[PDB]
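Peer 1: Residue-level listing of the chains:
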Amino acid sequence: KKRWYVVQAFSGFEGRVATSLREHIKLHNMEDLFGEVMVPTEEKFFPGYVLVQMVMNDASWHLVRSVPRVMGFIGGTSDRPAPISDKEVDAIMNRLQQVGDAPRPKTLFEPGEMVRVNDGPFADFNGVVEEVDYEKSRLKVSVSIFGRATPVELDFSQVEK
Amino acid sequence: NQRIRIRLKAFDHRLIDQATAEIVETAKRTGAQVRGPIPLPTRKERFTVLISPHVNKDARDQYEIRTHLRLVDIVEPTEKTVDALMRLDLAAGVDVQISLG
Amino acid sequence: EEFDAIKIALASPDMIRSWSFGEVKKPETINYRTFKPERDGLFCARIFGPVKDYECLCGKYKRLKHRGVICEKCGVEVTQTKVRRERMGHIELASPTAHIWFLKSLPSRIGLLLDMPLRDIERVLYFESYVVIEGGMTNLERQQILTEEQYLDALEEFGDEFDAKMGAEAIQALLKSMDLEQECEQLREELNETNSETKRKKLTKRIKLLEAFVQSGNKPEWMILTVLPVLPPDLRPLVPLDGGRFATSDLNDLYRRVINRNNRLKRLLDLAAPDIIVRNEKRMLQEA
Amino acid sequence: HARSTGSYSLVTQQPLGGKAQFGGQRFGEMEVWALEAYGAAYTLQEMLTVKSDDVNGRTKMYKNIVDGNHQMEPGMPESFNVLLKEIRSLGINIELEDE
Amino acid sequence: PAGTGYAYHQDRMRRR
DNA sequence: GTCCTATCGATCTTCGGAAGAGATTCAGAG
DNA sequence: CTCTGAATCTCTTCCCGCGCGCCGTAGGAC
Ligand SMILES: [Mg+2]
Ligand SMILES: [Mg+2]
Ligand SMILES: [Mg+2]
Ligand SMILES: [Zn+2]
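First to last, the sequence lines map onto chains A, B, C, D and E.
According to the deposited numbering, the residues represented by the first sequence are 6 to 48, 63 to 180, in order.
According to the deposited numbering, the residues represented by the second sequence are 3 to 103, in order.
According to the deposited numbering, the residues represented by the third sequence are 15 to 302, in order.
According to the deposited numbering, the residues represented by the fourth sequence are 1244 to 1342, in order.
According to the deposited numbering, the residues represented by the fifth sequence are 1358 to 1373, in order.
Do not take every clue at face value.
[Unchecked claim] With a Cα cut of at most 30 Å, we get these calculated DSSO-like pairs of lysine-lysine:
{"no.": "1", "chain 1": "C", "residue 1": "179", "chain 2": "A", "residue 2": "7"}
{"no.": "2", "chain 1": "D", "residue 1": "1328", "chain 2": "C", "residue 2": "280"}
{"no.": "3", "chain 1": "C", "residue 1": "76", "chain 2": "D", "residue 2": "1306"}
{"no.": "4", "chain 1": "A", "residue 1": "159", "chain 2": "C", "residue 2": "87"}
Since the hints were made in silico from the structure, they are not lab data.
Taking the hints into account, I'd like the entire structure generated from these sequences.
Peer 2: Below, the structure is given as structure tokens:
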């Protein structure tokens, strides 16, 4: 039975840590002592932690800490580091399984609301609602180009609330 | 990248020309291709009024307001281009309408 | 302001909010092409005040007639730019946090007040062990740090007729637990309970300290931060140098560390991370 | 080198130091003990406020000197207000007090 | 509160 | 080439300061 | 069985001015 453990890497080199970890496993051929290696990703939690299905021998512990760009395990102590939990592994796999299905909000662009844009050359500019292109599923938002509050129209996808 | 379309409307033609030229220069300088300055038609709104305070119907004045249009389109808005345009403030009395999308 | 004495004390969280004019949210300072301050970052003109001499950032107002209006294009107040050096903001921390000074002065003011050794509160505060509180119908003491092995023991040798926590919340709870005057009234008698010089004196210290916390207005939980004030931006200016480069202006790298960590910790709290992950970020925040 | 008036630093308004900048000489720590060792109090008050740090008083002083009034309004130095905020930027409530 | 400034603090404290 | 995000979460911070004082750790025993 | 002696650890301090000289976030990903 292989239980889960948490590994800390240099945050930013995490995929390379995962690849080097799989390669160190297939070098030192303790293939019966490692199950998987998880870096979950949403359309990226957790920011710098690598999940490893593993067992605990001191040889495999030295193996994972001899993988480069790995600080160490995170647990109660450094002698016998800590697995996490049954329901916590199940919930992380639940949200990893709820992969897609991530659209946007359903709120309305109230006239007068001060907005910022989401895409385009005018992306992320200090905008303020000027009118309601409602039944178009569209938008129009004031902006400061040429110093005037010029009337500029935006797609509904260009809101930021 | 969708391209920014700009409509200039002014009662004076020289002023509108000045605005359009400045905008074109700014765009063309920042690299993006200005695709204009096309003069759209002028709206000649004519009025005919009685000049007398009371009778005499044939004594009349014909006035007219002439609205000049200029369409300046700029293809692919870049960083330099958008920021330059934003920085540049035009002459007052020239209505600009930035249609994009 | 004219004055004739100076007073110092610990600042309660509501006082620290009172000094604030806004709450900082983003780990940023000024843009990297144009050089406006990025709003709700460490320079946001509507948190602290306007950059231009007596005129506003959004451009809407530029004359003394408007002095003290607040705009609705970006929200800045039009006022003396001089006051940009006067006004503070704050950060709301996603957890309590121990203030390093009171953790590692000459003794520790925390530890001394608790009668708990410095290394052991640090052993809580950097998340190395639990500490047990409200121990109730179980075989456990009043502070008595217990290793995660020894908590996993108590989690089933006992139910929850006790508690133990980890990190700064646990110390905050311990300080909050202080029946402070009653502890002093006892200890000033327990002074007499031996003639042992080798604690009568470091106990004289402890019985002084308790009475000093009593006689001031102070309260012990304030050793622990919760709102962290941020320095008014003109005192830590991000000046440009030779060409388009900002001078590395140290504090703005430190607050940047904090606020990044706090942004992550609010995320991982509300997304409900497991203990080991939050003990990671909570350690990294306290250590920042 | 000599300086009447010119630059001031940003974090605290004391003068710049240098010849490569038009700086004012440091009336450093030991000089202040030297004034205190004469009776000289007004000289010192001036030297470390009106001549130095008090953002109001120095412009009122300058105008009083061109007017030839030979009088000062001394206030309280802005570097000391920097200190207060740098302590109050710790959770340490330091404050001025009245009586 | 020394020297000339003592004499002022003293007068301030005497007219009291 | 530009923009955004993070640090040895798979090492090795220098031995060549003295001091001087305190906080904190241990003797021989009543 | 821990009470006054002593023993090892860290923290803190080290002149005042002054003038030059230079040197001044990176790495990775899209
Ligand atoms: Mg028509
Ligand atoms: Mg007729
Ligand atoms: Mg006629
Ligand atoms: Zn404004």
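Peer 1: Each hint needs a verdict: does it hold in this structure or not?
Peer 2: Here's how the hints hold up against the structure:
| no. | hint | result |
| --- | --- | --- |
| 1 | C:179 x A:7 | holds (29 Å) |
| 2 | D:1328 x C:280 | holds (28 Å) |
| 3 | C:76 x D:1306 | holds (28 Å) |
| 4 | A:159 x C:87 | holds (16 Å) |
In this structure, none of the earlier numbered hints is contradicted; all agree with it.
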